[PDB]
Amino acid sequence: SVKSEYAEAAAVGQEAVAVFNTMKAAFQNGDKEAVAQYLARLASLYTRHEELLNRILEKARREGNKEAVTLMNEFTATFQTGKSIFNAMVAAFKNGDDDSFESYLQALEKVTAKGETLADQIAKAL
C-alpha cells in the first residue's frame, strides 16, 4: 500500500544519510576519488527517492487524502531545496572549490533535517 511505499522511501532516505556521512568523512580526509564515487551514488539515491515520493504524493491525490497531500507537497518542496543544494555541491567538487563544498555540506545537513520533522505527521496521515 502507500505505507509500504512510504517505508521504502524512508529507507532510501536513510541510505542517503549513510552514504552522505561516509562521503563527508572522505572529504575531510582528502580522498577525492572516494568522494566522486559517493557523489554519483547520492545522485542515484536522490533520483530514486524523488521517484518514490512522487508515487506517494500522486496516490494520496487519487485517494483525495487532503492532509497527506498537503504534507507531501510541503515535504517535496523542501526535498527540492536539498536537491538544488546537492547539485551545487556536485558543481563545486567538479570545479575544485573546497570552500564552497564544505559550506554546502553543512547547508544540506540542516535542510535535510528540517524536512524530517514532517516525516512522522506524513506517516500518520497516509
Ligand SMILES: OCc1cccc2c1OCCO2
Given for the second form:
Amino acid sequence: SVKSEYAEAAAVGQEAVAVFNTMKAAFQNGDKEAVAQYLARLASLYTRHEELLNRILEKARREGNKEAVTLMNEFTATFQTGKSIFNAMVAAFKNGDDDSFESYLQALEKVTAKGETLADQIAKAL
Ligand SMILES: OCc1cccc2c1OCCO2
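I've shown you the form solved without the named molecule. Could you give me the structure of the form solved in complex with the named molecule?
Entire complex below, previous chain first.
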C-alpha cells in the first residue's frame, strides 16, 4: 500500500540521518577520506528517498487523498530546501571551505529536524 511504501521511505530517511551523523563526526575529526565516501552515500540515499516520495505523492493524488496530497506537497518542497543545502555542503567540501561546510551542515540538521513533525503527519494521513 501507499502506507507501507511510506514506511519504506521513512526508513531510507533514517539511514541518511545515521550516515549524516557519522559523517559529521568524521568532518570534525578531519578524516576527509571518510567524509568524501559518506557524502557520496548521502547523495545516493537522498536521491532514493526523493524518488519514493514522488511516487507516494503521485499515488495519493491518483487516490484523491486531498489531505495527504497537501501534506506531501509541503513536505516535498521542504525536502528540496534540504537538498539544495546538501548540494552546497558538497560544493564546500570540494572547495576546501570548512567554514561554509560547517554552516550548511548546521542548516541541514535544522531543516531535517523541523520536517519531522510533518513527516510524522504524513504517516497518519496516508
Ligand atoms: O525527513 C526527510 C527530510 C525532511 C526535511 C528536509 C530534508 C529531508 O531529507 C532530505 C534533506 O532535506
